[PDB]
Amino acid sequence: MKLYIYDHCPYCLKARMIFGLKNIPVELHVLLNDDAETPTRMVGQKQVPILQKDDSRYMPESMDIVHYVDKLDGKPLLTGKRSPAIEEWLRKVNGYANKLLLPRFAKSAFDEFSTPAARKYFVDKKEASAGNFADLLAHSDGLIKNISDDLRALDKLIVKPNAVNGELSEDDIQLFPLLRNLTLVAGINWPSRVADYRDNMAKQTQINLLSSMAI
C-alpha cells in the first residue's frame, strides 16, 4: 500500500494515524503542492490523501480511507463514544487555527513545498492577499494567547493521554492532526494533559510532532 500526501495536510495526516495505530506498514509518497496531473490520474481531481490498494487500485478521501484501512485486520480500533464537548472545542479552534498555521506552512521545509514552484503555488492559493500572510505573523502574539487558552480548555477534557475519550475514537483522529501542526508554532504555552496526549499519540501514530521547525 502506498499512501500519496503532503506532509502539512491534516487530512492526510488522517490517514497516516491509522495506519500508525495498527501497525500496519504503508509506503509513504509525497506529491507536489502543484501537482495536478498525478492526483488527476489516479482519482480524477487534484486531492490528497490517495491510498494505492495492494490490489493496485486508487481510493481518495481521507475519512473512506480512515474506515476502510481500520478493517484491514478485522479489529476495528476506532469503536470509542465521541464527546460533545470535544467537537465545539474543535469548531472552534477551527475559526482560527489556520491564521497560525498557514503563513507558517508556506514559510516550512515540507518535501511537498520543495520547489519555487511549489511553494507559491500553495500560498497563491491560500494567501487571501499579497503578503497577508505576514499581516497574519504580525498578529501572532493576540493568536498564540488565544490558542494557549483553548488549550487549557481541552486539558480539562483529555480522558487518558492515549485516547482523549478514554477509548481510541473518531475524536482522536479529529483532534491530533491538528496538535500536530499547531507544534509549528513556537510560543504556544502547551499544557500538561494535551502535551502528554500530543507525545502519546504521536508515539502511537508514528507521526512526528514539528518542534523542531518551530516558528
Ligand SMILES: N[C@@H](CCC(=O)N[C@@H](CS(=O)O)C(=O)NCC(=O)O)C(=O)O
The other form holds:
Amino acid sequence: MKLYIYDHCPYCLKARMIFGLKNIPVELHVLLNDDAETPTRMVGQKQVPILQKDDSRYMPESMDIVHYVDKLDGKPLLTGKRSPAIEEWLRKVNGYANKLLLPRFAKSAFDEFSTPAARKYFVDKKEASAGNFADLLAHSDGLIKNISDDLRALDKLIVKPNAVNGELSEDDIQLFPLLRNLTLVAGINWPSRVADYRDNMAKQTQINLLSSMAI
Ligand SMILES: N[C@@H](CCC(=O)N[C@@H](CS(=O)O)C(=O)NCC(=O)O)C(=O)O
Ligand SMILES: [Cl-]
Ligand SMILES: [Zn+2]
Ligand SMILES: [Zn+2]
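Can you swap the form solved without the ligand for the form deposited with the ligand bound?
And the full complex, kicking off with our chain again.
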C-alpha cells in the first residue's frame, strides 16, 4: 500500500498511525503542497491523505482509510471506549493550536514545502484563513503558556502511556497528531505522563517527533 501525504497534515498523521499500530508496512510519498495534478489524478481533487490499496485503487478520506486499515486483517485495534473529557480537551486546544502551528509549519523543513512555490502557496492560503503570521508569532508567549497549562490538564486524563483511555481508541488517533505537531513549538513545558504517551505512541506508530527543528 502507498500513502500520499503532507508530513504536517494531521489527517495524514491519523492514517500513518493505524499502519504503525497494526505493524502493516506502507510506502509514504510526500506531495508538494501546491501539487493539485497528482492527487486529482488519484481521487479527483487536491486532498491528502490518499491511500493506494493493494488492488491499485485509490481511496481518500482519513476516517475511511483509518477504519479500512484497522479492519483489513479482521482484528481491529480501535475498540476502546471514547472519553468525553479527552474529546472536550481537544475541542478546547483546537480553538488556538493552529495559531502556533501554521506559522511554524511555514518556516519548517517538511518535504511538502521543499520548493519555494509550494511554501509560498501554503503561506498565501493559510495567512488568508488564520491571519497575519507575524501577528500570530508575536503572540507566542501567551499561546505557549496556554498550551503548557492545557497539557498539565491532559496529564491527569492519560490512563496508560500506550493508550489515552486505557485501551487503544478513536481518541488516540485524534490526540497523537496534535501532540506530535506541538513538538515543533519551542518553549512548551511537557508534563511527564504526556511526554511518555507522546514518546510511546511515536515509537508504536513509527512517526517522528519534531523536537530537533522546534521554533
Ligand atoms: N476530509 C479530508 C480532509 C483532508 C484535508 O483537508 N487535508 C488537507 C491538509 S491538512 O494539513 O489541512 C488538504 O488536503 N489540503 C489541501 C488543499 O486544500 O489544498 C480527510 O479527512 O482526509
Ligand atoms: Cl477516524
Ligand atoms: Zn495542512
Ligand atoms: Zn474513526
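For the two forms, the rigid core is made up of the largest set of C-alpha atoms that agree within 1.5 Å on superposition. Numbering follows the first chain given and starts at 1.
Engineer: If I align on the rigid core, exactly one of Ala109, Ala85, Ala117, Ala128 should have its C-alpha move by 2 Å or more between these two forms; which residue is that?
Structural biologist: Result of the superposition: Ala128 is the only one at 2 Å or more.
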